[PDB]
Amino acid sequence: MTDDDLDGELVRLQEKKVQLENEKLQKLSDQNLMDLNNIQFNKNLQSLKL
Amino acid sequence: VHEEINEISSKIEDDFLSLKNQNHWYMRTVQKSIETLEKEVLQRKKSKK
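For the record, the sequence lines run as chains A and B. Note that my numbering has the first sequence beginning at 1, numbered continuously upward. Note that my numbering has the second sequence beginning at 1, numbered continuously upward.
Simulated from the structure, these hints should not be mistaken for lab results. Think of the CB as a built atom: it goes at the ideal place given N, C-alpha and C, for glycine as much as any other residue. Misleading hints may appear alongside valid ones.
[Claimed, not checked] The calculated DSS-like cross-link candidates involving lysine-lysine, where the alpha carbons are at most 30 Å apart (straight line), are: (1) B:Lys-45 with B:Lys-32; (2) B:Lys-32 with A:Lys-17; (3) B:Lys-46 with B:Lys-32; (4) A:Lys-17 with B:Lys-39; (5) B:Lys-39 with A:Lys-24; (6) B:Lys-49 with A:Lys-24.
[What the hints assert, rightly or not] Simulated DEER-style distance windows between Cβ atoms: (7) A:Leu-6 with B:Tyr-26: 26 to 32 Å; (8) A:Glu-9 with B:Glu-40: 52 to 58 Å; (9) B:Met-27 with A:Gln-26: 20 to 26 Å; (10) B:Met-27 with A:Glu-21: 37 to 43 Å; (11) A:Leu-13 with B:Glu-40: 17 to 23 Å.
[Said to hold, decoys possible] Which chain B residues stay away from chain A? Per the calculated CB distances, all over 12 Å, these: (12) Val-1; (13) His-2; (14) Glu-4; (15) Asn-6; (16) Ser-9; (17) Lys-11; (18) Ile-12; (19) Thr-29; (20) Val-30; (21) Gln-31; (22) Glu-38.
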């Protein structure tokens, strides 16, 4: 009977671990956007240099 | 042959009155071994978890 609660806690742990994935995606989106913006800023800076 | 059958009844009575439950406790002991093994498996699963 003691195994059951452990199983349930394992499931809750699975969901809690399943949230961090979407969290991580939402995170990395900002990194990608930062990369693109960095590229644009680089090009713009080159143009300013011209 | 009938007397031999009575002797067979005496032999059956001998084998029956020989011993009470013994190996049954060994089966229950095997079940207990399965319980301890399940404890090791649950402890391992707890370790991995």
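Here's how the hints hold up against the structure:
Straight-line distance between C-alpha atoms of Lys-45 (chain B) and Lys-32 (chain B) comes to about 19 Å, which keeps the hinted pair within the 30 Å bound. The straight-line distance between the Cα atoms of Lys-32 (chain B) and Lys-17 (chain A) is roughly 36 Å, outside the 30 Å bound, and the hint therefore fails. Between the alpha carbons of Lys-46 (chain B) and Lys-32 (chain B) the distance comes to roughly 20 Å, so the proposed pair stays at or under 30 Å and holds. Of the supplied pair hints, the one linking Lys-17 (chain A) and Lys-39 (chain B) holds, its CA atoms being roughly 26 Å apart against a limit of 30 Å.
Simply put, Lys-39 (chain B) and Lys-24 (chain A) have alpha-carbon atoms about 37 Å apart, too far for the 30 Å limit, and the pair is violated. Proposed proximity of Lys-49 (chain B) and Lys-24 (chain A) is supported: the alpha carbons are some 22 Å apart, at most 30 Å. A hinted range of 26 to 32 Å holds for the C-beta pair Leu-6 (chain A) and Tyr-26 (chain B), which are about 31 Å apart. The hinted window of 52 to 58 Å between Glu-9 (chain A) and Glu-40 (chain B) is violated, with their beta carbons roughly 20 Å apart.
Between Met-27 (chain B) and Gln-26 (chain A) the Cβ separation comes to about 58 Å, which falls outside the hinted range of 20 to 26 Å. Checked against the hint of 37 to 43 Å, the pair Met-27 (chain B) and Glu-21 (chain A) fails, with Cβ atoms roughly 48 Å apart. The hinted window of 17 to 23 Å between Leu-13 (chain A) and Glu-40 (chain B) holds, with their beta carbons roughly 22 Å apart. The claim that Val-1 (chain B) lies off the interface holds: its Cβ sits roughly 58 Å from the closest Cβ of chain A, which is beyond the 12 Å cut-off.
Listed as outside the interface, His-2 (chain B) is consistent with that label: its C-beta sits roughly 57 Å from the nearest C-beta of chain A, beyond the 12 Å cut-off. Taking the minimum C-beta to C-beta distance to chain A, about 56 Å, the non-interface status of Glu-4 (chain B) holds against the 12 Å cut. At the 12 Å boundary, the C-beta of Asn-6 (chain B) stays outside the reach of chain A, the nearest C-beta of that chain being 53 Å off. For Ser-9 (chain B), the non-interface assignment is confirmed: its Cβ lies about 48 Å from the closest Cβ of chain A, beyond the 12 Å cut-off.
The Cβ of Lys-11 (chain B) sits about 47 Å from the closest Cβ of chain A, beyond the 12 Å cut-off, so the non-interface label holds. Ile-12 (chain B), annotated as away from the interface, keeps every beta carbon of chain A farther than 12 Å; the closest lies near 43 Å. Remark: the non-interface label on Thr-29 (chain B) is consistent with the geometry, its nearest Cβ contact in chain A lying 21 Å away (cut-off 12 Å). The claim that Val-30 (chain B) lies off the interface holds: its Cβ sits roughly 20 Å from the closest Cβ of chain A, which is beyond the 12 Å cut-off.
With a least CB separation of 16 Å from chain A, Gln-31 (chain B) remains clear of the 12 Å interface cut-off, as annotated. Distance to chain A contradicts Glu-38 (chain B) as a non-interface residue, since its nearest Cβ pair spans about 8 Å, not more than 12 Å.
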